[PDB]
Amino acid sequence: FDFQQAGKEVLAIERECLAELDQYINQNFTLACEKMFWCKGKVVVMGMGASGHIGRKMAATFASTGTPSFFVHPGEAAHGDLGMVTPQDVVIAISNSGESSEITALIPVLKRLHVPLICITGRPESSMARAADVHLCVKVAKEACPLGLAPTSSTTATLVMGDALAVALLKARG
Amino acid sequence: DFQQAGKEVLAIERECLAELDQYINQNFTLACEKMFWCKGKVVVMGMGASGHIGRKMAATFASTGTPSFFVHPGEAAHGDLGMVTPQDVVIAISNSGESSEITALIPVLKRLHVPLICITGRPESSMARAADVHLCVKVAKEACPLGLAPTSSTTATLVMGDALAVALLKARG
Amino acid sequence: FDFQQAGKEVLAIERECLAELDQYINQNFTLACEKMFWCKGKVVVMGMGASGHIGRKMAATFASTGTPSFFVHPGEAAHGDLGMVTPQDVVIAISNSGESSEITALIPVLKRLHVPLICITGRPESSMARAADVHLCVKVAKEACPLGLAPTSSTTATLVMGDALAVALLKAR
Amino acid sequence: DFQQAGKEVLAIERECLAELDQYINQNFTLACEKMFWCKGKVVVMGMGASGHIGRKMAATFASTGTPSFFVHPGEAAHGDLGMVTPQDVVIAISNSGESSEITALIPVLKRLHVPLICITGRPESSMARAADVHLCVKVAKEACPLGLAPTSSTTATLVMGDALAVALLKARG
Numbered sequence: 010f011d012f013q014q015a016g017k018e019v020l021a022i023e024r025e026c027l028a029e030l031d032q033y034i035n036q037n038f039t040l041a042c043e044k045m046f047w048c049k050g051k052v053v054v055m056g057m058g059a060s061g062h063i064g065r066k067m068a069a070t071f072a073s074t075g076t077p078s079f080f081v082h083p084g085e086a087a088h089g090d091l092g093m094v095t096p097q098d099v100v101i102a103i104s105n106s107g108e109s110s111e112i113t114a115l116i117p118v119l120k121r122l123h124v125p126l127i128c129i130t131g132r133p134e135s136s137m138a139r140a141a142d143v144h145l146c147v148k149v150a151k152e153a154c155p156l157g158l159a160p161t162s163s164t165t166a167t168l169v170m171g172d173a174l175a176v177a178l179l180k181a182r183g
Numbered sequence: 011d012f013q014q015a016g017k018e019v020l021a022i023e024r025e026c027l028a029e030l031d032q033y034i035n036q037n038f039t040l041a042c043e044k045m046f047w048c049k050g051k052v053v054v055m056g057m058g059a060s061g062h063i064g065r066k067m068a069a070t071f072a073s074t075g076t077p078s079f080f081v082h083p084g085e086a087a088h089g090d091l092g093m094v095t096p097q098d099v100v101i102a103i104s105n106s107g108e109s110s111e112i113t114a115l116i117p118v119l120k121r122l123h124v125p126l127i128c129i130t131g132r133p134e135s136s137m138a139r140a141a142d143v144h145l146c147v148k149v150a151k152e153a154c155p156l157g158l159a160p161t162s163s164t165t166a167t168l169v170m171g172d173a174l175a176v177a178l179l180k181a182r183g
Numbered sequence: 010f011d012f013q014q015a016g017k018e019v020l021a022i023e024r025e026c027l028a029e030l031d032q033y034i035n036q037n038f039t040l041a042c043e044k045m046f047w048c049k050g051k052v053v054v055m056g057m058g059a060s061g062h063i064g065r066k067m068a069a070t071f072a073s074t075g076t077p078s079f080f081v082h083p084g085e086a087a088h089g090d091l092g093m094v095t096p097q098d099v100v101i102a103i104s105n106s107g108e109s110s111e112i113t114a115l116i117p118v119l120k121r122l123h124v125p126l127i128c129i130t131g132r133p134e135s136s137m138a139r140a141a142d143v144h145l146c147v148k149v150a151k152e153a154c155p156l157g158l159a160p161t162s163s164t165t166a167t168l169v170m171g172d173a174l175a176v177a178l179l180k181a182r
Numbered sequence: 011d012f013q014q015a016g017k018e019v020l021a022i023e024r025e026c027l028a029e030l031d032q033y034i035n036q037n038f039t040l041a042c043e044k045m046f047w048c049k050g051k052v053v054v055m056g057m058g059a060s061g062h063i064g065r066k067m068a069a070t071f072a073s074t075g076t077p078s079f080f081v082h083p084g085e086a087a088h089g090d091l092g093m094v095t096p097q098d099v100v101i102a103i104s105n106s107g108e109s110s111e112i113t114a115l116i117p118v119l120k121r122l123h124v125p126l127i128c129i130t131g132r133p134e135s136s137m138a139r140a141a142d143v144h145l146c147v148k149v150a151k152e153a154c155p156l157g158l159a160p161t162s163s164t165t166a167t168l169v170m171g172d173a174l175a176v177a178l179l180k181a182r183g
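Residue numbers (the entry's author numbering), protein chains in the order written: chain B, 10 to 183; chain A, 11 to 183; chain D, 10 to 182; chain C, 11 to 183.
If we strip away everything but chain B, and leave its shape as in the complex, we get:
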C-alpha cells in the first residue's frame, strides 16, 4: 500500500531518467569508445562513494568483456600519486557532482602523465567535465530521493551508461 506505493514511485522516477539518457549516447560516447579501444594499457576507473561502488562494477564489466580495466580509489591514488597509472592507460573519472576534491586533486598529476582522461558527470560545466579530454554526460532531471541524502537516478544512469560502453566495445571487436 504505502510501501509498495513508495517503491514504484522511485522505479518510475528512474525509468524516466533512463529515457532521457538516450540523447547523451552521442558523439562523446563514440569518441570515448575510441580512446579505450586503442588502449594498450589498462582502463583505470575511479570514483567516490556511490560513484566508487558503481565505477567498481563498471571495471569488472569491462574486463569480463575484453577491455582490460581496474578500479582504483581516488584517496588511495593520492598517496602513491597514481603510481598505478602510466601513459599507456586510459582513466575514467566518475562523479555526479563534477566538483569532487579527491579526483580533482589528481587532475594535475593525471594531466602531466599524458594519460587520456574520460569523465562521467551530471553537469557539463563542472571542472571534471572541464578538464577531461572527453566528457560523457549522465545528467538526470529528477532524483528519486526526497531529501537527496543518497544518489538514485544519477547512480543508475552511470551504471547503464557504463554497460553501454562495455558492450559497445565488445561488439566493435567483432
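Fair warning: there could be bad hints in the mix.
[Stated by the list, open to error] With a Cα cut of at most 27 Å, we get these calculated BS3-like pairs of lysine-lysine:
{"id": "1", "chain 1": "C", "residue 1": "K17", "chain 2": "D", "residue 2": "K151"}
{"id": "2", "chain 1": "A", "residue 1": "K148", "chain 2": "A", "residue 2": "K120"}
{"id": "3", "chain 1": "A", "residue 1": "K180", "chain 2": "A", "residue 2": "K148"}
{"id": "4", "chain 1": "D", "residue 1": "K17", "chain 2": "C", "residue 2": "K148"}
{"id": "5", "chain 1": "A", "residue 1": "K148", "chain 2": "A", "residue 2": "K44"}
{"id": "6", "chain 1": "B", "residue 1": "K151", "chain 2": "A", "residue 2": "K17"}
{"id": "7", "chain 1": "D", "residue 1": "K180", "chain 2": "D", "residue 2": "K44"}
{"id": "8", "chain 1": "C", "residue 1": "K148", "chain 2": "C", "residue 2": "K120"}
{"id": "9", "chain 1": "C", "residue 1": "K17", "chain 2": "C", "residue 2": "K151"}
{"id": "10", "chain 1": "A", "residue 1": "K120", "chain 2": "D", "residue 2": "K49"}
{"id": "11", "chain 1": "A", "residue 1": "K49", "chain 2": "D", "residue 2": "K49"}
{"id": "12", "chain 1": "D", "residue 1": "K44", "chain 2": "C", "residue 2": "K120"}
No wet-lab data here; the hints were simulated from the structure.
Model the placement of chains A, D and C on the given structure of chain B, informed by the hints.
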C-alpha cells in the same frame, strides 16, 4: 555502429526495469517492515557484481537513516559471521540464488535468529526458500551478447535497493 | 645477493620496530580493550590508504574472534554523515600521520554523537591522537623505505597492534 | 591479563618474523626480477585475510614505482581474467596454498603465458607447484589460540611484500 550498440543495451535494460514494478509486491512491504524496526545493523552481502551493487546499497541505506554495512560472504567464512548479531537484519544478494558462499552462511544465519532477506532472480532458489522474505528481481533479456557480464539483472538489483532505501526514508519523514 | 640483501634489511628494520612496540601495549591498550569489551553494537574500524587496508583485515579478525566489527572508508561515511555508526558503537580510527583530513572531518560528528573514539596513530600529539577518548600509540623510529614513498614499519606495527586486541579480547571471554 | 595476552601475541609474531629471514632467498631474487621487467601491471590477488594484505601490497608497489593493482580471485573468475594480459605479472597470495578460487585461475593464467608468483606457507602446495616462482612465508607458531584468525602468517606476508617493494625500488635509479 558504437552509438547503435550502446543504445541497444540501454533499451534492453529499460525494458527489463518496466518489468520490475510487479516485484515491488507485498514482499517489498514485508522486507521494509523487518528493516524498519531493526535496532542493530542491516547487513548486506553478495558476490562479484552483486557484491559491488550490494555495496552501493549499504551506502545508500546509511546516508538514508538506515544503518547498514556491506560484508563479503567469503570474508565472513572464517569468522563464521562474527559481525552479525541477533538484532541485525541480513540482506543476501544473489542473481543465481544458489551462490555457494552465501548458501553456507545460511545455516549459521538461522541459528542466530537474524531476519534473512534474499534478493534473487529465481523465486525457487535455495536462498529464496530459506529466506524469511524473498525480493524478486528476475529479468527476461540480457544486454550482453554472451552474458559474459550481467547487465539487466545487476541494474534491477540496484534500483530495487534504491526503492527500499527511499521507501523506508519516507516511512519516517 | 643484491636483492636478498635489500629484502633482508627491510625485514630487520621492521623487526627492530616491533621490539619498540612492546612498551606501547600499556594502560591505553587495556583501556581500549575494555571500551570494546562492553560495546553492545559494532567496533567500527576506519582508515585511509595503507591504514585502510590494514584496518580492513583488522575488522575481519575482530569479527572472526568474537568481536563484532566492520570496516568503512572515511570518505564514504562523509556522504552518509556517518549514518552507519550509532551511539552504542565504538570507532577505531587508524592513521600513522594522525592528521588525515577525512578522519579529522568526521571527528566533530562522532563527538556530537557520543561514540567512544579510539585512535591508532604514530604520534601522541596529533589531532585525533588528542581528540580520541583512548589513543593507542604505534610510533616507530625507523622507516624501511628509503624515500618514505610507502609506509612499511608503521603499517606492520598497526597490523600487529590490532592482532593484539583481537586475541586479548578473545582470551578475556 | 589483557596486556599479558597482548604482549604474548606480539612476542609470538616477532618470533615468526625471526624465522622468515631464510625465505628472503633466491626465489625472492627471481620474483623481484620478473616483476622488475614487467611492462604491464603487477596484479596481486587473494582471499579473506590474504586479500586484505595483498591489497596494501598493491598500493605499496604502486606508490613505490611498481605499477600494480589488486583483484579478487572470485571476481576474476567470471571475466576469465579479463584484467590480466600476457604483458602482466601475477602475485597470488594464499597461506593455505589450496584455495579453490585461485586454483581455477591457474590453467587460464598459464595459457596466457603470464609469469605466476605465489606467496604461500606450504612449499608442497598446488599453487606453489604450479607457480613460476614460489615465495615461501611459512610460520611455525600461530598467535591465535583456536586459529580462528590468521596472525603470524598474515603478518609474515605483509612484511615479505614490503621487502619486494623497496628491494625493487632500490634496484631502480
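Checked hints:
1. At most 27 Å may separate the alpha-carbon atoms for a hinted pair to count; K17 of chain C and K151 of chain D meet this at roughly 21 Å.
2. Between the alpha carbons of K148 of chain A and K120 of chain A the distance comes to roughly 25 Å, so the proposed pair stays at or under 27 Å and holds.
3. Taking the CA atoms of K180 of chain A and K148 of chain A, the gap is about 26 Å. The hint holds against a cut of 27 Å.
4. The suggested pairing of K17 of chain D with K148 of chain C holds, with an alpha-carbon distance near 16 Å, which does not exceed 27 Å.
5. Taken as a hint, the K148 of chain A and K44 of chain A pair is honoured in the structure, with Cα atoms around 22 Å apart against an allowance of 27 Å.
6. Between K151 of chain B and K17 of chain A the CA atoms are separated by roughly 21 Å; this keeps the pair inside 27 Å, and the hint holds.
7. Restraint check: the Cα-Cα separation between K180 of chain D and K44 of chain D comes to about 16 Å, which is no more than 27 Å; the hinted pair holds.
8. For the proposed pair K148 of chain C and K120 of chain C, the alpha carbon gap of about 25 Å is at most 27 Å, so the pair holds.
9. Annotation: proposed proximity of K17 of chain C to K151 of chain C holds, straight-line Cα distance about 15 Å (limit 27 Å).
10. Pair hint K120 of chain A plus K49 of chain D holds up; C-alpha atoms about 21 Å apart against a cutoff of 27 Å.
11. With a CA separation close to 11 Å, the supplied pair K49 of chain A and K49 of chain D stays within the 27 Å bound.
12. Straight-line distance between C-alpha atoms of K44 of chain D and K120 of chain C comes to about 50 Å, which puts the hinted pair past the 27 Å bound.
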